[PDB]
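Read the single chain below, which is given as structure tokens and is the form deposited without N-(2-chloropyridin-3-yl)butanamide.
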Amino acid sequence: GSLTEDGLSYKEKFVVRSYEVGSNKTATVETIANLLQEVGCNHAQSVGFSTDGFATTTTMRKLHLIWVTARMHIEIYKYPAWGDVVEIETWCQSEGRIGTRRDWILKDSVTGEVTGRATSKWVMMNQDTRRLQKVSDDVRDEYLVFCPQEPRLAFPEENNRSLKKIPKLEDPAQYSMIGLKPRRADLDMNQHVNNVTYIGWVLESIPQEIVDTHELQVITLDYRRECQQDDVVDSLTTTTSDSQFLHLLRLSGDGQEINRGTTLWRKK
């Protein structure tokens, strides 16, 4: 992988592995989300971010700050087959004092055709108190260094899906998968649950018949609170409709919301 000519974006090629694919021998949406995180990390390292797993700037380290995910939105047109090479291009953008965005474009290396796109929103948080905050003027100046200064959006369309408000699922849910717990493979190098695990947990309450007859087209996931290493999660799903679903992840005990989201599926 490498920064592009202008140094304002990063590209990397990946060969889809045997264990990364589902029953149709194409990459799972979790494999895709893992690849987006990997190219995101390689980009951060190439533009001088910390190498501890937190990907922080020098101002952030001094102020005890870290970025946390607020939302992930992915739209796939074609999932790459086992053995195929997929090229992913990524870049970041400052969104005033609200937070930052990381965008991605996926392409078929052989054809050059766009096969998918993704966007993520990140908010600043104090690492110690776990309190959210606004982006300071010094952090906005650090992002000007490596981000395009004119807008560059993976999802440009006004009023598009990636920015839509997600409602809260009302009990009773149509479908559910209860007592989901993370194991060591679900944790990152800092012992926090990997963001991709929550996508897997959302998908667990989708009936196997939908997965067998449909392809996932779009997934939008809001992140509200973290699942700790010793927490247990319930995954809830209700059909709102193509097939469309509304999702809710909450802690099994007290029912505290951890995530909410929606999925859009197309009949194969």
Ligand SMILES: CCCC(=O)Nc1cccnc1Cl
Contents of the next structure:
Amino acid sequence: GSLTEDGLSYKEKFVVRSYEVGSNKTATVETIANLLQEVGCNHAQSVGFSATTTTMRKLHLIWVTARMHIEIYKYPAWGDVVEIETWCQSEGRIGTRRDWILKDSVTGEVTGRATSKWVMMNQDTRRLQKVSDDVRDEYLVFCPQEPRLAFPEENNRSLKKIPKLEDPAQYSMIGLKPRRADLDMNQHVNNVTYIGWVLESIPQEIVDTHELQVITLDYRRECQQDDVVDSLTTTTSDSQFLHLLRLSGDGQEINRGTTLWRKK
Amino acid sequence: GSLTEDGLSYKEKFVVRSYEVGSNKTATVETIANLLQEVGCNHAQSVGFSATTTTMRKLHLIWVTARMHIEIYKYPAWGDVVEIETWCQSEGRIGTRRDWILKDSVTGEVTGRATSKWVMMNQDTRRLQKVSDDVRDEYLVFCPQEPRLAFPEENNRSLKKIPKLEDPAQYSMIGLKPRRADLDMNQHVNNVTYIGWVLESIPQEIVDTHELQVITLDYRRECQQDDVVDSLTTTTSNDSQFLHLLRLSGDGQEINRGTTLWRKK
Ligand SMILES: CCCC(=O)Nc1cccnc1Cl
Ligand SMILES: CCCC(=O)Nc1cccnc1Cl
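Having seen the form deposited without N-(2-chloropyridin-3-yl)butanamide, I'd like the form solved in complex with N-(2-chloropyridin-3-yl)butanamide now, please.
Below is the whole assembly, all chains and molecules, this chain first.
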């Protein structure tokens, strides 16, 4: 992994591992999401963060994901090398974008792209805050100033509003609980676990006869180590689904999302 | 990674990733067990298996894990490079052993060791059989002929008999279910998921104040993708030892038993 020539993006190569692949012997979307998260962490490290800056660490501020958007054209095979490039960009005072492009190291062909929206909130109160000008100056020097979008197109899937699934759901997987392996180093549920939980309510028949092309996920509230999630899915159509994760008991929303699947 | 000079072992280097680490910012024992499985697979591929030989594929036979044994002296940190060497050895008609040594790439010091016992099974019927000569000969040419043991010691903990936990358990975690991420490419539950499930019944207190030194797991039955598992733990002991049982949440059919040993941080 390294910063590129101009110091405004970061690249890393990954060999797909035996346990990272599903039934077609290609990388799961959960493997793809872990590697986007790993290269994001390697980019923050390379520029002095650890993703808090100077003013942020003082007043107990953190970056948190509001939304993840991933489009995969081809899933890398077991043994294949994927190259991931990542960069960040200010969205004014509303927050921050991290973008990714995935390439076949062998062909140099683009095999996927992802984008994400981050907002600042207080670690303790979990209250959102429109970013301060003193915080931007610190992190703007690691970002391209001209716009660089993994998803440039005006009216594109990555920015569409997602509605709330209405009961009854067509499909459901209930009583989902995280184990220690699902937690990060600060004992919060890792963002990638929610992607698995969303996909858990897709019927095995869809997964067997289709490949996932697009996943958009809104993050509304964290699932704690001792919470229990219900995963709900209704067909909206290629196959398209509407998704909802909510706490098993009171039915408090934690995530909503959509997926688009192509017949193999 | 690559086969060594003599072609009787395999070495691979792994950089520890952000999401592979726990509260201590060092690799979890599940991350370690995944890397052991990855380097085992890279060793099989290197010598032309797929971990079946020619005869095995004809007779619908497979290697399956009967027992896993991991001892960790030091968990590598986020960003550390760890080097793993692995080899196999015949235990005659009984089955085969795969051993591992983990090293700090920087110091070259031994940070861990592991050993596993594999037996030959019919894929379909699940009925064990002793290793035949025709099969023995095919894989014998990829194995050191003189003994090479990760755990040479005389009365060593990798070989101890493991008893059945008696109800009531001191601790339990109920209604454990695998999701798709827990499954391998043939849609069987990954052996490493059982390790996580065993550890789920250890109180957070022990994990916060101790480090896992040793884990021994017997594999008795597979958890199907529509099974539900109960994890049971009783303290058997500055070192804490536990006895472990995984069973199907309904009829209480045993899937696994094990022991762990923890030392205070
Ligand atoms: C939360 C998204 C921002 C982030 O991960 N921080 C970062 C790291 C490296 C360079 N530039 C930036 Cl903005
Ligand atoms: C589970 C049996 C051990 C195994 O994976 N087989 C193997 C692979 C490479 C070299 N030699 C051998 Cl015996």
